[PDB]
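Please take these sequences and the hints and turn them into a complete structure.
Spelled out, the chains give:
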Amino acid sequence: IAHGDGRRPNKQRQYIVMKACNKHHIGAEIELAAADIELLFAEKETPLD
Amino acid sequence: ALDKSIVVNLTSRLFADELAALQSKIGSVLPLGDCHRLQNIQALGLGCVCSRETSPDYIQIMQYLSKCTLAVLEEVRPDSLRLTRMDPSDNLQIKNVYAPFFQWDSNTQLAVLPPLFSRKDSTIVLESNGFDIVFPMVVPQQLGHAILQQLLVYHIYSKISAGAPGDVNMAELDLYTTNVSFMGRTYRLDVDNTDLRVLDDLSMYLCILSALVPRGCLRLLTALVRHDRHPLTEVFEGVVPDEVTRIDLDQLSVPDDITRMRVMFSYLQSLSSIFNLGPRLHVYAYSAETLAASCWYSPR
Amino acid sequence: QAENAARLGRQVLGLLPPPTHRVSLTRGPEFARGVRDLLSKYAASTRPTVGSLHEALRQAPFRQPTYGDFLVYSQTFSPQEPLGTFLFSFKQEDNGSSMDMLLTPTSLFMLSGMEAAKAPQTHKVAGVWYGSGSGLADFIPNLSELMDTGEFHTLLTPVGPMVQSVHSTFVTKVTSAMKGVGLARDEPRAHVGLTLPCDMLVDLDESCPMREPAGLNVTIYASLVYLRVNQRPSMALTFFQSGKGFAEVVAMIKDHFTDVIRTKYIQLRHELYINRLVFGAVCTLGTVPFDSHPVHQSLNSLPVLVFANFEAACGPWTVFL
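Protein chains in written order, with the deposited numbering: chain F, 100 to 148; chain d, 2 to 196, 201 to 305; chain b, 4 to 213, 217 to 306, 311 to 331.
Just to be clear, a hint being listed does not mean it is correct.
[To be verified] Now the in silico label distances, taken between C-beta atoms and shown as ranges:
(1) F/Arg-112 - d/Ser-277: 27 to 37 Å
(2) b/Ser-43 - d/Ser-277: 33 to 43 Å
(3) b/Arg-217 - d/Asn-41: 52 to 62 Å
(4) b/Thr-328 - d/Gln-61: 43 to 53 Å
(5) d/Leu-229 - b/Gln-124: 33 to 43 Å
(6) F/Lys-110 - d/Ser-275: 43 to 53 Å
(7) d/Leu-23 - b/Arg-13: 37 to 47 Å
(8) d/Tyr-210 - F/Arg-107: 42 to 52 Å
(9) F/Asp-104 - d/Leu-201: 54 to 64 Å
(10) d/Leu-229 - b/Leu-86: 45 to 55 Å
(11) b/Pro-219 - d/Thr-295: 43 to 53 Å
Source of the hints: derived by calculation from the structure; they are not laboratory data.
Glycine included, each C-beta is placed from N, C-alpha and C at the ideal position.
So, in structure tokens, the structure goes:
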């Protein structure tokens with residue numbers, strides 16, 4: 100404000116504002132037992148399997 | 002229309018440790034023995050006169066001060082220093098980076114005094130080029146014409162104790178000299194109980214004056230009778246001490262007194278100019294959070 | 004509405020400091036055609052005209068002093084002014100952030116406490132500006148003891164003339180001027196000269212033909231004499247005006263303050279106090295042009315001098331004796 104009084108008038112002003120980001124994390128979990136994965140590779144030897 | 006800049010070159014680069022000591026300031030007051038813009042390093046300090054192996058002095062600095070030209074930093078590139086020339090009656094900007102710290106104010110008088118304290122406060126050794134730059138001691142004039150005041154007292158009583166022990170008490174001398182009072186504030190300074202030597206040469210003079218001076222005034226009194234004898238000089242018998250006026254001319258003949266009087270005033274004029282002709286300025290605007298002292302150079 | 008701002012592009016871009024004259028070499032020998040004010044002797048003719056010497060006045064020397072922006076109470080500094088006074092800057096301790104105390108010379112008479120007929124003119128006038136000489140003495144309780152040891156002449160930094168004063172209820176803004184010729188405010192292009200009361204000035208120039219040469223310079227000084235009246239300490243102020251060099255005036259001031267030296271130093275037969283021995287100081291207040299006539303004025311009556319074309323230049327308080 101340019102006001103005509105005895106209050107000490109001030110020049111131009113300028114601010115510098117400076118951010119920063121964050122990091123976040125997710126961790127899941129899976130049920131796999133090797134008795135399942137064992138029979139993933141053998142096949143055909145009976146119509147049961 | 003005119004342009005001014007002073008660019009000092011170096012032979013080599015600098016260490017990265019020294020640049021932090023020369024970004025401690027970015028605007029300060031350098032003396033400079035040249036007026037031209039391309040220049041080797043050997044003049045911008047006070048190492049043109051004041052060095053370690055030399056006997057450090059006050060007067061041979063002070064004679065060199067008023068002859069010298071000031072210049073103000075703007076930038077420290079890793080190779081070359083950039084300066085701004087200090088014209089007569091020119092306005093420019095200072096940052097008050099000096100040691101030991103004193104607080105400034107707008108509308109103070111400023112005398113450029115030579116440093117006389119410990120080395121680490123004033124100088125910065127440039128380890129690259131082997132040359133010492135010395136910064137002058139920017140003190141305001143009311144302080145600068147009183148910071149010398151009690152220190153010069155302190156050097157005189159030190160010479161008394163080292164020849165005669167039972168005459169000066171150290172607790173009296175320490176308490177009254179190194180605690181300079183100003184503004185309502187105090188400033189305790191560095192006493193130098195490390196072993201002084203900057204300020205023998207005034208005390209070399211001022212005592213050898215102070216015996217010659219009262220002996221010199223008796224001959225000046227009884228050698229003036231006219232009716233042009235100035236009317237105030239009748240009064241000043243009441244000022245001169247009574248023991249001073251009890252001296253004959255018996256001990257000193259006529260050829261001895263010439264070696265007094267032709268030499269008497271030769272001290273005083275060598276002495277009066279080194280209390281007065283500091284290259285002096287004034288400061289009209291100041292802010293402690295920015296530390297922006299504000300010169301205008303009065304050549305003097 | 005940019006037609007308003009198109010005027011701002013005129014005045015700002017025209018009123019700049021002159022740039023550093025610098026030319027790259029691939030243009031060639033053209034640099035000297037940008038050298039104008041280094042000339043002096045222009046082109047006369049038979050009947051010259053504004054159209055023949057508009058170039059001769061287009062060049063102009065570069066002159067501007069710098070100002071001192073102050074914040075004053077409405078008590079030390081009077082609401083009325085003649086706008087061209089003289090100032091000081093009292094200096095004790097930085098209490099406020101921007102809280103400054105100023106002294107006009109008409110005020111500083113009342114701060115002293117001297118006789119009436121030693122300065123008979125302003126004493127009637129300086130009694131209606133301020134109180135009984137005690138509204139200001141409440142601000143410094145050392146005005147007896149600043150007089151004793153001789154520290155008051157150390158605590159005055161003169162400033163010079165005035166330029167502007169916007170006045171409010173308690174706080175007064177004072178735009179002062181050092182270094183030269185302050186541009187005026189209420190009258191544009193005018194130049195606020197320095198004004199002195201006719202009582203406080205004492206000339207040194209004036210003589211009967213009886217001869218001394220002219221020059222460019224004549225220098226207003228500023229005396230300050232510690233006297234003692236009624237066995238109470240009180241200062242004394244006068245002015246000077248003489249284009250005569252520093253070696254002469256110190257030998258001439260002592261003839262003017264002869265009796266003041268003669269009164270006080272009779273008293274030191276029975277006593278001596280080393281703080282009392284200091285007597286006076288002389289500052290340099292700047293330069294005045296030669297043979298510029300000080301035009302007398304009058305204010306409610312108070313005869314007030316003026317100096318056109320005064321330029322300011324301060325100095326140290328060199329003690330004399």
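Tested hints:
1. F/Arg-112 - d/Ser-277: 27 to 37 Å: violated (51 Å)
2. b/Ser-43 - d/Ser-277: 33 to 43 Å: holds (41 Å)
3. b/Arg-217 - d/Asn-41: 52 to 62 Å: Taking Cβ atoms as reference, b/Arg-217 and d/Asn-41 lie about 54 Å apart, which means the hint holds.
4. b/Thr-328 - d/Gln-61: 43 to 53 Å: violated (24 Å)
5. d/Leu-229 - b/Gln-124: 33 to 43 Å: holds (40 Å)
6. F/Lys-110 - d/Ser-275: 43 to 53 Å: holds (49 Å)
7. d/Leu-23 - b/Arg-13: 37 to 47 Å: Roughly 44 Å apart at Cβ, these two residues keep to the hinted range, so it holds.
8. d/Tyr-210 - F/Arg-107: 42 to 52 Å: holds (49 Å)
9. F/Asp-104 - d/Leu-201: 54 to 64 Å: For F/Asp-104 and d/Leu-201 the Cβ distance comes to about 56 Å; the hint holds.
10. d/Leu-229 - b/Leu-86: 45 to 55 Å: holds (51 Å)
11. b/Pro-219 - d/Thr-295: 43 to 53 Å: 50 Å Cβ-Cβ, so the 43 to 53 Å window holds.
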